[PDB]
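**Student:** Now for the letters of each chain:
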Amino acid sequence: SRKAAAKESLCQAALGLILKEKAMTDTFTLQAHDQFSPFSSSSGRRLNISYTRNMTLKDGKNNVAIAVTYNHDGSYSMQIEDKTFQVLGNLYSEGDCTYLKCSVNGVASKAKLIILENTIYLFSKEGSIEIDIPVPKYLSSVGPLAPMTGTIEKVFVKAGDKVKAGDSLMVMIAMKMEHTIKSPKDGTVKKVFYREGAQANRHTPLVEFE
Amino acid sequence: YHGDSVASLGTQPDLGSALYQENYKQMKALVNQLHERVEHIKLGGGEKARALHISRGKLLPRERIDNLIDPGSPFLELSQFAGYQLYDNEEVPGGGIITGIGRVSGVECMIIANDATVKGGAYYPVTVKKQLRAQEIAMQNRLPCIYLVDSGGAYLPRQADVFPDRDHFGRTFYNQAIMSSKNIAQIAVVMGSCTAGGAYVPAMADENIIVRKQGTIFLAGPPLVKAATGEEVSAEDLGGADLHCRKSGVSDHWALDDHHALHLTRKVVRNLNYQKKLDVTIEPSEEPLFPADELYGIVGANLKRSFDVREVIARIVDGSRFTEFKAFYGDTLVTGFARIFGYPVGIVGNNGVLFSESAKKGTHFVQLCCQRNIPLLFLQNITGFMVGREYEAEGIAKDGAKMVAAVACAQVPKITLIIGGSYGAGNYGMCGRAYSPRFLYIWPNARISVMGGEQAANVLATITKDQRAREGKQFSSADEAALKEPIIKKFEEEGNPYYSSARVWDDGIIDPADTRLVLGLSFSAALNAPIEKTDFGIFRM
Amino acid sequence: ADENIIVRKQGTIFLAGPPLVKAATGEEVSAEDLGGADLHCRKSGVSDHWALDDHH
Amino acid sequence: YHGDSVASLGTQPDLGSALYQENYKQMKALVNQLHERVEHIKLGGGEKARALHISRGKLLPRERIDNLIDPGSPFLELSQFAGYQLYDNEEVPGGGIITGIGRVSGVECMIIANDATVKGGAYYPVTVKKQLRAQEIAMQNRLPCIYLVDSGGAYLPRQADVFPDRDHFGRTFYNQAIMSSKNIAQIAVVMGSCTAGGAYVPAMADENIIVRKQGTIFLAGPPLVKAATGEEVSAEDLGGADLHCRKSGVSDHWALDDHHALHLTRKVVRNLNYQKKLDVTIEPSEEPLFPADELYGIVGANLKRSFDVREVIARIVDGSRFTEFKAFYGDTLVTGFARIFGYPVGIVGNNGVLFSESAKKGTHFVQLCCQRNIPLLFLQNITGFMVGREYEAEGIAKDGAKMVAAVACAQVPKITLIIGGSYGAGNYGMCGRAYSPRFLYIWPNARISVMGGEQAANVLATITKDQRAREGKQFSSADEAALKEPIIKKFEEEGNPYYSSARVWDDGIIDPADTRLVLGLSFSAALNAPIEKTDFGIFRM
Ligand SMILES: CC(=O)SCCNC(=O)CCNC(=O)[C@H](O)C(C)(C)COP(=O)(O)OP(=O)(O)OC[C@H]1O[C@@H](n2cnc3c(N)ncnc32)[C@H](O)[C@@H]1OP(=O)(O)O
Ligand SMILES: CC(=O)SCCNC(=O)CCNC(=O)[C@H](O)C(C)(C)COP(=O)(O)OP(=O)(O)OC[C@H]1O[C@@H](n2cnc3c(N)ncnc32)[C@H](O)[C@@H]1OP(=O)(O)O
Ligand SMILES: *C(=O)CCCC[C@@H]1SC[C@@H]2NC(=O)N[C@@H]21
Ligand SMILES: *C(=O)CCCC[C@@H]1SC[C@@H]2NC(=O)N[C@@H]21
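Protein chains in written order, with the entry's author numbering: chain A, 499 to 640, 648 to 715; chain D, 23 to 563; chain J, 227 to 282; chain B, 23 to 563.
It should be emphasised that the hints constitute simulated quantities derived from the structure, not laboratory data. One should not assume that every hint holds.
Unchecked claim - Among the chain B residues that face chain A by a calculated CB cut under 8 angstroms, a handful are:
| # | residue |
| --- | --- |
| 1 | 58 |
| 2 | 60 |
| 3 | 64 |
| 4 | 72 |
| 5 | 92 |
| 6 | 99 |
| 7 | 128 |
| 8 | 300 |
| 9 | 543 |
Where a beta carbon is used, it is the ideal one built from N, C-alpha and C, also for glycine.
Could you put together the complete structure from these sequences and hints?
**Tutor:** What follows is the structure in structure tokens.
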């Protein structure tokens with residue numbers, strides 16, 4: 499079965515993500531007119547205070563919160579649950595592969611860093627660990650009223666009918682087109698408020714359910 | 023930074039639903055018919071005139087254009103259907119002229135070629151109209167003009183419709199004199215026989231090329247000096263290449279044959295000292311996430327059946343990414359920011375009738391785009407302007423005039439695409455032909471009238487019942503049938519896409535796949551001119 | 227237009243008249259209360275000056 | 023060419039001398055105290071209000087700023103000490119608002135966040151002052167403004183000091199209307215409850231984001247309509263996100279929660295069509311040759327003991343290279359050309375009192391820098407203007423007015439740093455707060471008054487002895503002690519760095535190491551506006 503990641507492995511995943519964001523910043527700068535300028539160094543240097551970034555990584559099924567403090571000397575202090583790790587490192591290339599060079603509490607290591615959509619892959623000589631980046635809700639999310654003052658074409662339902670969602674309820678022709686009223690609702694039509702052929706008015710009720 | 027993820031538009035349609043299959047079959051039929059009609063237009067005046075044209079050693083005009091532009095480069099041809107069934111028994115293919123935006127020596131140019139296989143290069147009224155439209159494209163977008171003159175002069179029994187008015191033949195030379203006063207280069211290659219109105223085209227151009235023993239320039243030809251002064255002259259020594267290149271000085275470069283003229287033209291364009299400078303921001307281009315025959319399945323051919331315009335924007339923009347603006351207020355207008363080939367586009371699309379809130383949403387959006395210098399793309403699918411009483415009480419015609427006033431005053435490049443109907447003053451709110459868009463293409467299912475027919479027949483009948491009610495008698499079923507026949511027939515005839523592009527009311531009927539490419543081509547040509555600051559009028563609040 | 231004058235009980239402004247809303251939406255309205263001078267000068271705000279008759 | 027070698031400034035100090043060790047201990051104490059005070063300011067209104075703020079599902083405002091700017095990007099926060107011990111028993115941390123220059127979507131922006139944990143987002147007078155200072159930074163440097171509105175309206179018992187004047191609350195909306203008329207983008211994210219003066223902040227902005235079931239905009243809230251019209255309404259249906267996003271049309275984008283609002287804000291900034299273009303020359307940046315805790319050892323905390331300003335310039339500029347200008351004429355002013363992060367800087371630093379020759383040297387230098395479009399950095403350490411008789415005979419006040427007139431008329435970016443005292447009209451000669459520098463930081467050892475304590479007490483005593491000498495009696499030791507107590511106490515209290523940045527008289531107390539970084543950040547922000555030609559007045563020769 500899959501085993502839980504060690505806190506040191508979560509530090510490596512967090513560091514790889516931070517350095518990948520830096521890489522994106524660096525390749526933006528290489529295309530800029532304002533070259534050599536500050537703001538391009540992803541140092542997190544606040545004035546008179548320190549910056550702590552709170553990120554969450556998903557280890558299998560469970561979420562872990564990692565508080566990453568940006569230090570003045572370029573190191574990171576990553577507190578995972580309670581334990582603080584001194585995390586340093588950088589990226590380097592060998593041919594077409596990107597490697598993440600780490601030092602966590604004086605312990606040096608090297609792993610291949612591959613980030614594909616949401617999943618952080620760390621390939622080392624002791625195993626392979628997959629850490630997922632959570633996806634926020636706003637990137638994963640994707648009775649009736651008469652629209653215009655028009656004449657009624659056809660009434661589909663009666664007093665006492667049971668319909669479904671996405672079902673043709675009434676049809677009206679307005680000026681040049683054809684707009685069918687369809688039901689988002691659930692329940693029973695007790696009321697057909699407009700007789701066939703009448704002129705409905707915008708923002709108006711056609712069918713009522715109890 | 024530009025690394026953080028976003029969402030995209032569009033959903034995959036039901037490929038098995040009968041709505042999709044019927045829509046696909048109808049729009050495929052329209053597109054196949056469009057293809058076979060333009061392949062017949064591609065021949066020109068028939069194989070007899072083509073044989074007599076190549077028997078004198080000339081190229082055909084599309085061969086001239088293929089040898090003039092860069093190798094492998096695309097060619098955006100404008101108004102391929104001008105003159106289509108327009109004159110009663112005369113066939114004028116392509117208008118009798120070929121206009122297009124091409125790429126010569128790494129510069130995007132406007133190319134105007136006299137197709138001499140049709141009527142000997144005579145100038146019909148639609149020929150003058152199509153040429154003047156090409157010239158105002160080149161003056162708006164600051165593109166050099168290359169005229170490949172092989173003319174025949176102005177037709178005689180249509181001479182009124184060609185000669186005196188403001189936008190008649192003489193405007194052509196006006197447009198050469200003004201463009202060259204703005205440093206927009208004119209180049210004329212004389213490959214034919216310029217007779218007395220065509221003779222002003224190379225003489226008003228900065229640089230000429232004339233072909234040895236083939237091109238002739240004279241203000242009065244041999245039958246014209248016969249009828250005017252009474253004189254017999256031979257044509258090649260009245261106005262041939264040797265006299266003009268050596269004695270009179272009308273021509274500047276001298277070519278052996280047509281290949282030499284086109285090679286010299288590419289040299290002349292390279293010595294123009296032109297460098298294209300962009301002022302918008304550019305990003306890496308990216309293809310969408312959906313195909314474009316899905317647009318055949320989604321749009322169909324039924325204009326009484328509505329669809330969603332977000333499906334179209336999902337299939338023409340970069341990566342199908344779209345930042346929607348005011349998505350819940352006035353939701354019969356879809357406004358937002360996208361990218362086409364790396365260019366920033368503000369898109370305005372119709373999704374229903376125009377209420378008051380939709381027009382206010384559009385006015386806010388057009389002011390935003392003009393403040394930031396972002397080009398506009400209008401996607402017209404209109405049916406009306408919300409007729410009613412509680413609507414006129416609010417100020418609906420107080421609110422559509424703000425939309426009209428903002429679209430008129432806007433100084434960014436605007437491009438219209440008519441993907442559906444386009445009726446009434448709604449057509450003016452969404453940048454119709456009168457509002458100077460840079461380009462205006464249509465899809466083969468479009469309709470454009472002042473109404474839809476039924477409405478015109480009903481208004482005329484009720485107005486004449488009111489009018490006759492000073493005395494008052496009815497002819498009920500007779501009046502009904504006899505007004506519902508010739509008005510529905512007329513409006514459906516004149517609302518056709520081929521009727522409207524037989525005139526020069528638009529820049530082309532395009533295939534719904536090709537849409538994305540065509541927009542990109544048009545947008546890059548429209549970026550040759552620097553975008554100027556917009557001043558608006560008085561917004562009536 | 228920047229400034230309007232509309233005449234009392236004579237001038238009417240509407241984007242769709244009575245036979246036009248008849249043929250388009252199917253509605254009967256009277257013209258002087260669909261788009262007359264009183265509605266535009268007092269409620270909708272299309273008109274800026276209000277005249278009694280043509281000399282005014 | 024740029025290959026030929028040059029010399030550099032600076033010498034390594036005696037790390038063992040008692041002067042260095044005492045200076046290091048004093049400036050280390052000042053910097054540690056500055057750090058602990060700003061860490062207490064970082065919490066805001068205490069842990070009770072933070073718990074009730076996150077119990078409603080909101081972020082804390084510094085979390086909002088961290089999630090809005092680019093990841094890892096620095097943040098230049100302005101006026102962290104506004105409101106510090108300013109009101110008598112009320113604690114207003116940070117002013118009640120958080121302003122700073124950050125980097126959003128690769129664009130450097132000004133961010134103004136209502137810190138709603140302190141006084142429910144009420145607007146104290148220092149809150150209005152600090153916000154207006156941020157807005158004039160953004161109008162001078164042409165930076166887009168992002169307002170993160172979580173307001174509470176204008177405080178009541180201080181209402182005079184907030185409401186009517188020119189630089190009172192209403193100026194805020196003036197600055198939004200003028201900046202947006204110059205194409206400087208305004209973006210408002212409504213995360214709170216905008217009550218009747220805050221309600222004009224999103225309605226004056228080009229693009230809005232409002233959060234579902236959390237952000238509310240109304241010109242009159244529920245107790246306000248109670249006291250004004252007598253009406254009970256619920257707040258989330260009086261002015262919630264659904265009404266404004268769907269019916270009234272005040273809002274343009276609709277967010278689910280705060281993370282969605284910040285993600286949408288980064289999208290909106292990316293669609294601004296902005297590209298930063300530089301007009302100065304840039305060279306490869308290089309770090310200096312000396313550390314920056316040496317500045318603790320060199321400056322110290324004794325303002326009666328002078329030092330050399332060339333030691334500071336040696337530790338803030340590129341490679342410690344410095345081209346000195348007129349090094350032997352008027353040597354109490356050090357002028358020259360250096361580079362900070364590759365940007366060309368003309369530096370003017372004080373080394374003593376201002377004579378006449380020093381002011382003429384400075385006027386020549388400022389004309390040189392404005393002719394070449396080089397930004398200016400003033401390093402104030404002033405004690406006076408050389409009082410004397412043989413000095414007024416020459417025209418000392420004829421020569422300091424030339425310095426004042428040249429610094430006032432200069433149209434390049436000017437940045438001041440007060441590293442020591444700053445007294446009298448000398449403060450005006452070296453670009454004080456009245457002379458519109460872009461930024462003005464201070465070090466924790468600075469002092470600023472009109473004439474320092476002793477001098478004011480002596481002048482008041484001698485002028486009251488002269489004044490009373492119309493009759494004339496003395497109270498010698500009594501008058502001496504009783505005027506030397508409350509005047510030295512007052513001047514030393516009001517000359518403090520925390521006194522001056524408790525108001526918005528400067529943009530921050532900075533640590534002498536951080537100096538180099540802060541200058542670089544400020545200078546790059548100051549290069550977003552194109553440098554205009556300078557016109558001078560009349561130099562009185
Ligand atoms: C006077 C004016 O400015 S208005 C007309 C211009 N003046 C003229 O010279 C009119 C006479 N035509 C000419 O200009 C020339 O002699 C040309 C271009 C027609 C000579 O062309 P050619 O290569 O010899 O071909 P041809 O003369 O047979 O013309 C082909 C056809 O086009 C017609 N045509 C050509 N030019 C014109 C014209 N300007 N007006 C009317 N019809 C024309 C001809 O009637 C001929 O008729 P067809 O198509 O029914 O057979
Ligand atoms: C003068 C004008 O421009 S009209 C101002 C209209 N006044 C208001 O709308 C403010 C009153 N209402 C609120 O503050 C709303 O509840 C919110 C959403 C803005 C704040 O949420 P809450 O935290 O529930 O408000 P709460 O009642 O806790 O206010 C916290 C403190 O802010 C104070 N406060 C808020 N606005 C003001 C104001 N304009 N003047 C004086 N005090 C204020 C409250 O009295 C309260 O007292 P405290 O200073 O002892 O803490
Ligand atoms: C077909 O287009 C339906 C009827 C047209 C609507 C009419 S035509 C003139 C009025 N102007 C407008 O925008 N709508 C009205
Ligand atoms: C402390 O700053 C010493 C005395 C101040 C010098 C006085 S104050 C007003 C005069 N102006 C000036 O530049 N110096 C004089």
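**Student:** Verify the interface restraint on residue 300 of chain B: the C-beta must sit less than 8 angstroms from at least one C-beta of chain A.
**Tutor:** Result: holds, 5 angstroms to nearest chain A Cβ.
**Student:** Once the shortest beta carbon distance from residue 128 of chain B to chain A is found, is it less than 8 angstroms?
**Tutor:** 6 angstroms, holds
**Student:** Under the criterion of a CB-CB separation shorter than 8 angstroms, is residue 543 of chain B in contact with chain A as hinted?
**Tutor:** Cβ of residue 543 of chain B sits 5 angstroms from chain A, so the hint holds.
**Student:** Interface hint check: residue 60 of chain B, Cβ to nearest Cβ on chain A, cutoff 8 angstroms. Holds or violated?
**Tutor:** 4 angstroms, holds
**Student:** Report holds or violated for the interface hint on residue 64 of chain B, using the least CB-CB distance to chain A and a cut-off of 8 angstroms.
**Tutor:** 6 angstroms, holds
**Student:** Would the hint on residue 72 of chain B stand, with a C-beta cut-off of 8 angstroms toward chain A?
**Tutor:** The hint is violated - residue 72 of chain B has no Cβ within 8 angstroms of chain A, the shortest such distance being about 15 angstroms.
**Student:** Under the criterion of a CB-CB separation shorter than 8 angstroms, is residue 92 of chain B in contact with chain A as hinted?
**Tutor:** 7 angstroms, holds
**Student:** Residue 58 of chain B was flagged as interface toward chain A. Is the shortest Cβ-Cβ separation under 8 angstroms?
**Tutor:** With Cβ-Cβ at 10 angstroms, over 8 angstroms, it is violated.
**Student:** Regarding the hint that residue 99 of chain B lies at the interface with chain A, is the smallest CB-CB distance below 8 angstroms?
**Tutor:** 5 angstroms, holds
In this structure, the hints that do not hold are numbers 1 and 4, in rising order.
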